[PDB]
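**Student:** These are the residues of each chain, in order.
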Amino acid sequence: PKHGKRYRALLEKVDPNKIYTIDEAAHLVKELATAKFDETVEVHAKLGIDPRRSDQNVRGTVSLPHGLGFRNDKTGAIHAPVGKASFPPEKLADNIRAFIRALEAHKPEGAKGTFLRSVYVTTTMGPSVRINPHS
Amino acid sequence: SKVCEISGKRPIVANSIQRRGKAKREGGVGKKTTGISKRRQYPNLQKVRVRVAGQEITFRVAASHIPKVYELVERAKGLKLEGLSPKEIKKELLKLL
Amino acid sequence: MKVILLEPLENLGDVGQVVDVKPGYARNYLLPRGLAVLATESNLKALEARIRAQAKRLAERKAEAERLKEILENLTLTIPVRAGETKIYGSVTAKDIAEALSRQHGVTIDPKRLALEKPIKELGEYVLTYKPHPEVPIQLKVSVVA
RNA sequence: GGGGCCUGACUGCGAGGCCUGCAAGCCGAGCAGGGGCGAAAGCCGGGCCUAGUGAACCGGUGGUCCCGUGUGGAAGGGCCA
RNA sequence: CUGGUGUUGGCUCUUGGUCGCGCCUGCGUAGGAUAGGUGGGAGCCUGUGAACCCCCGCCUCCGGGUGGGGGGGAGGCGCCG
RNA sequence: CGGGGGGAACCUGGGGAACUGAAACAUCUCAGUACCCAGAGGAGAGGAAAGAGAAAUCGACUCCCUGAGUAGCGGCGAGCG
RNA sequence: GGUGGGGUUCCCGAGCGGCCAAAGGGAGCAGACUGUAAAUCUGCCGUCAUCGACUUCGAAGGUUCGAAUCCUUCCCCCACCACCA
Ligand SMILES: [Mg+2]
Ligand SMILES: [Mg+2]
Ligand SMILES: [Mg+2]
Ligand SMILES: [Mg+2]
Ligand SMILES: [Mg+2]
Ligand SMILES: [Mg+2]
Ligand SMILES: [Mg+2]
Ligand SMILES: [Mg+2]
Ligand SMILES: [Mg+2]
Ligand SMILES: [Mg+2]
Ligand SMILES: [Mg+2]
Ligand SMILES: [Mg+2]
Ligand SMILES: [Mg+2]
Ligand SMILES: [Mg+2]
Ligand SMILES: [Mg+2]
Ligand SMILES: [Mg+2]
Ligand SMILES: [Mg+2]
Ligand SMILES: [Mg+2]
Ligand SMILES: [Mg+2]
Ligand SMILES: [Mg+2]
Ligand SMILES: [Mg+2]
Ligand SMILES: [Mg+2]
Ligand SMILES: [Mg+2]
Ligand SMILES: [Mg+2]
Ligand SMILES: [Mg+2]
Ligand SMILES: [Mg+2]
Ligand SMILES: [Mg+2]
Ligand SMILES: [Mg+2]
Ligand SMILES: [Mg+2]
Ligand SMILES: [Mg+2]
Ligand SMILES: [Mg+2]
Ligand SMILES: [Mg+2]
Ligand SMILES: [Mg+2]
Numbered sequence: 001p002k003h004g005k006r007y008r009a010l011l012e013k014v015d016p017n018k019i020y021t022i023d024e025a026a027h028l029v030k031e032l033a034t035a036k037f038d039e040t041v042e043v044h045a046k047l048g049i050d051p052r053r054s055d056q057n058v059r060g061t062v063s064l065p066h067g068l069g163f164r165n166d167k168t169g170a171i172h173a174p175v176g177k178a179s180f181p182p183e184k185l186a187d188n189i190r191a192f193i194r195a196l197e198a199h200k201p202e203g204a205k206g207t208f209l210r211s212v213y214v215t216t217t218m219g220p221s222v223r224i225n226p227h228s
Numbered sequence: 002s003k004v005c006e007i008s009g010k011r012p013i014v015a016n017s018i019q020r021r022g023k024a025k026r027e028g029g030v031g032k033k034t035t036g037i038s039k040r041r042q043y044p045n046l047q048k049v050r051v052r053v054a055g056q057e058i059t060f061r062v063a064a065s066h067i068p069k070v071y072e073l074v075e076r077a078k079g080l081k082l083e084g085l086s087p088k089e090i091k092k093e094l095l096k097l098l
Numbered sequence: 001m002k003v004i005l006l007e008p009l010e011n012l013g014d015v016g017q018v019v020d021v022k023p024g025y026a027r028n029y030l031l032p033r034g035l036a037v038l039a040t041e042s043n044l045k046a047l048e049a050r051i052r053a054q055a056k057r058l059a060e061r062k063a064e065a066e067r068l069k070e071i072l073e074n075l076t077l078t079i080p081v082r083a084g085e086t087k088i089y090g091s092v093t094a095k096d097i098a099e100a101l102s103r104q105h106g107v108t109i110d111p112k113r114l115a116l117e118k119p120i121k122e123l124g125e126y127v128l129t130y131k132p133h134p135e136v137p138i139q140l141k142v143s144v145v146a
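Protein chains in written order, with the deposited numbering: chain 71, 1 to 69, 163 to 228; chain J8, 2 to 98; chain 61, 1 to 146.
The reader is advised that the hints may include incorrect statements.
[Unchecked claim] With a cut-off of at most 30 Å between alpha-carbon atoms, the simulated DSBU-like pairs for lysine-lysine come out as follows: (1) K62 (chain 61) x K88 (chain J8); (2) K92 (chain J8) x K22 (chain 61); (3) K22 (chain 61) x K96 (chain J8); (4) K3 (chain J8) x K22 (chain 61); (5) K45 (chain 61) x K92 (chain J8); (6) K45 (chain 61) x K88 (chain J8); (7) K48 (chain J8) x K121 (chain 61); (8) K205 (chain 71) x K184 (chain 71); (9) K48 (chain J8) x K92 (chain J8); (10) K205 (chain 71) x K30 (chain 71); (11) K48 (chain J8) x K69 (chain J8); (12) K88 (chain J8) x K10 (chain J8); (13) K25 (chain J8) x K48 (chain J8); (14) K10 (chain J8) x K2 (chain 61); (15) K96 (chain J8) x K45 (chain 61).
[To be verified] Across the chosen pairs, the derived CB separations fall in these ranges: (16) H44 (chain 71) x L6 (chain 61): 54 to 60 Å; (17) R33 (chain 61) x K48 (chain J8): 18 to 24 Å; (18) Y7 (chain 71) x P68 (chain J8): 57 to 63 Å; (19) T21 (chain 71) x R57 (chain 61): 26 to 32 Å; (20) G36 (chain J8) x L6 (chain 61): 27 to 33 Å; (21) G79 (chain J8) x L9 (chain 61): 28 to 34 Å; (22) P132 (chain 61) x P68 (chain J8): 52 to 58 Å; (23) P134 (chain 61) x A54 (chain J8): 35 to 41 Å; (24) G36 (chain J8) x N225 (chain 71): 44 to 50 Å; (25) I51 (chain 61) x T21 (chain 71): 43 to 49 Å; (26) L6 (chain 61) x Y7 (chain 71): 52 to 58 Å.
Derived by calculation from the structure, the hints in this document are not laboratory data. Ideal placement from N, C-alpha and C gives every residue a C-beta, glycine not left out.
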């Protein structure tokens, strides 16, 4: 297999067809860490911009509410750390809603079409969880 | 008679308008007519052969109403006779009123 | 275009089903060949009628089937034969067992529904199984001095 | 003809006249606002002057806010350029 | 004359579009490198069968990339350089 | 049992011009006029709101007056209304 | 007025992100071959110039480690469509 049975176990936990709430997500992401040390949790989004242009970029700095304990690439996706997998389910939910509303701020005018096209909450070694960034 | 034996649709008279120029809606000065003339529109009339009693009965119909011809065979009870007719199906068996 | 099927069609559907087909196929093939009929509410009602009169008279079968079955698992049929010992001179056939009901206990069975498969010779405790469709074992003992 | 500053090739108007069939064309002091050059008086609303031009209709575009088909909008007009 | 569509149906083979999901896709000798981008990341992956020879696919800058069954039966990558 | 054909004009329905006007002419006008056809009948048609249209409003249809040459319509022309 | 194309060494012309002096054709210069003209063939060929170094791809900026390539705009040509009171 491309993944160990350690991961294969995690691939039965998610129906990627379902669009989860962050609240559904932040809780179900705790079953998503089989790694023997503490995983890091990531929030990914593909963006409504054409990055090839100078004026369509998204970058800033962020201090996450619950502390550590972002910029777009050239393909228009974006990634930053929201925290650690050790954080409590409610301490993740506020850090997810922290990054989501953080990006919306930075929307360039020339952004054509929806700013968050897809948002997947994942973990460092985890599968993809298709979620609703608006919940 | 280019006419529907079910609906009664018959040819109608329609003008044919030759328009030129750019719509005002599209920021042109607006359209002009370079001609209007009469023409007919026909009903899209088609044959339907249907077997009722022992007999083969043919309707001239608007394609629109072709189903009705088949609902019309669906009430079939009292004719063992002929020809002819029936077409005793027809108007009386249509709405009866 | 929805049509009621009058025979099984090798995909499409099989009898009595409502399958939806191209009106061309319907009007110029199926209908005129009797292989189908229109899904009219009048004819969608006729089907639904005749759907009920099947699964009714099929609970008429099971009516007096598991009815009778429940009377014949609670009965033992004793037939006397001239046995000598453990070999009957005569034999008990299905048609016999039949008369052994119509006489003793006053009940009638097929007999052709018995599943004896060649006549009983000799004796003992017997259990055969009866019919139509899910059904009953009968218990009859062949005994001596007739 | 040369040079230094500047951009009045302003906005709001306009006494009164030239011309004149109409429509148009033309000249214009002077007020207000805000400016430019000059120490100042003052000049400046294009160019020594007389040609370099085209009614109205229909549309484009930028405004502004005026109308907005029961009511809020909108659609679409108007007004100004 | 002609495109669409009605009348107008059965069975097929063949494709193009797009959306989705699964999966591979990529090289300056230069970092030992035969590295698509950016996150997170020193750690996982594994005797639920590894390095590796052996047939086998397809790709190939022909080096390798690289799956398919197994013989195979504990190792192999990474920070560290 | 009924139809058929006729009737001055009037009526409805199916069809439907052109001169002319625009001081040319094509949209537009003449005009749904003339005329042809079918039919009704002493009339014919229409008629009892899937209506008006700004009022918590009117209340079938026809006809007259008025609203009104208004609202509009319009090579925004002639002109229609 | 719109959409689609383009712009490159003297003319043409492809044109690539892992650098391409940037393929090639022709012209031109120098070479061999010579009845004439040519054909064929060799080097020169953005430039300084010594390897190699330095500009350069319509223009200005920008992306990036990297621009003849991607991007915003400007500009001009080609093309096609539409419109005109
Ligand atoms: Mg037409
Ligand atoms: Mg037919
Ligand atoms: Mg229709
Ligand atoms: Mg239809
Ligand atoms: Mg169809
Ligand atoms: Mg005056
Ligand atoms: Mg003043
Ligand atoms: Mg001064
Ligand atoms: Mg003055
Ligand atoms: Mg005019
Ligand atoms: Mg208002
Ligand atoms: Mg309204
Ligand atoms: Mg309104
Ligand atoms: Mg408006
Ligand atoms: Mg990579
Ligand atoms: Mg009569
Ligand atoms: Mg008469
Ligand atoms: Mg008429
Ligand atoms: Mg008629
Ligand atoms: Mg008439
Ligand atoms: Mg005329
Ligand atoms: Mg004329
Ligand atoms: Mg005239
Ligand atoms: Mg005249
Ligand atoms: Mg004339
Ligand atoms: Mg008229
Ligand atoms: Mg008559
Ligand atoms: Mg009357
Ligand atoms: Mg009447
Ligand atoms: Mg009536
Ligand atoms: Mg009129
Ligand atoms: Mg010579
Ligand atoms: Mg010689």
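**Student:** Run every hint past the structure and note whether it holds.
**Tutor:** Going through the hints against the structure:
no., hint, result
1, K62 (chain 61) x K88 (chain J8), "49 Å, violated"
2, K92 (chain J8) x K22 (chain 61), "28 Å, holds"
3, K22 (chain 61) x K96 (chain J8), "28 Å, holds"
4, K3 (chain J8) x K22 (chain 61), "27 Å, holds"
5, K45 (chain 61) x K92 (chain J8), "26 Å, holds"
6, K45 (chain 61) x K88 (chain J8), "27 Å, holds"
7, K48 (chain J8) x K121 (chain 61), "76 Å, violated"
8, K205 (chain 71) x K184 (chain 71), "33 Å, violated"
9, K48 (chain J8) x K92 (chain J8), "18 Å, holds"
10, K205 (chain 71) x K30 (chain 71), "36 Å, violated"
11, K48 (chain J8) x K69 (chain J8), "13 Å, holds"
12, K88 (chain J8) x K10 (chain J8), "18 Å, holds"
13, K25 (chain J8) x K48 (chain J8), "45 Å, violated"
14, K10 (chain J8) x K2 (chain 61), "27 Å, holds"
15, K96 (chain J8) x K45 (chain 61), "21 Å, holds"
16, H44 (chain 71) x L6 (chain 61): 54 to 60 Å, "58 Å, holds"
17, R33 (chain 61) x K48 (chain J8): 18 to 24 Å, "19 Å, holds"
18, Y7 (chain 71) x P68 (chain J8): 57 to 63 Å, "59 Å, holds"
19, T21 (chain 71) x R57 (chain 61): 26 to 32 Å, "55 Å, violated"
20, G36 (chain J8) x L6 (chain 61): 27 to 33 Å, "57 Å, violated"
21, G79 (chain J8) x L9 (chain 61): 28 to 34 Å, "32 Å, holds"
22, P132 (chain 61) x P68 (chain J8): 52 to 58 Å, "45 Å, violated"
23, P134 (chain 61) x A54 (chain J8): 35 to 41 Å, "47 Å, violated"
24, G36 (chain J8) x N225 (chain 71): 44 to 50 Å, "59 Å, violated"
25, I51 (chain 61) x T21 (chain 71): 43 to 49 Å, "45 Å, holds"
26, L6 (chain 61) x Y7 (chain 71): 52 to 58 Å, "56 Å, holds"
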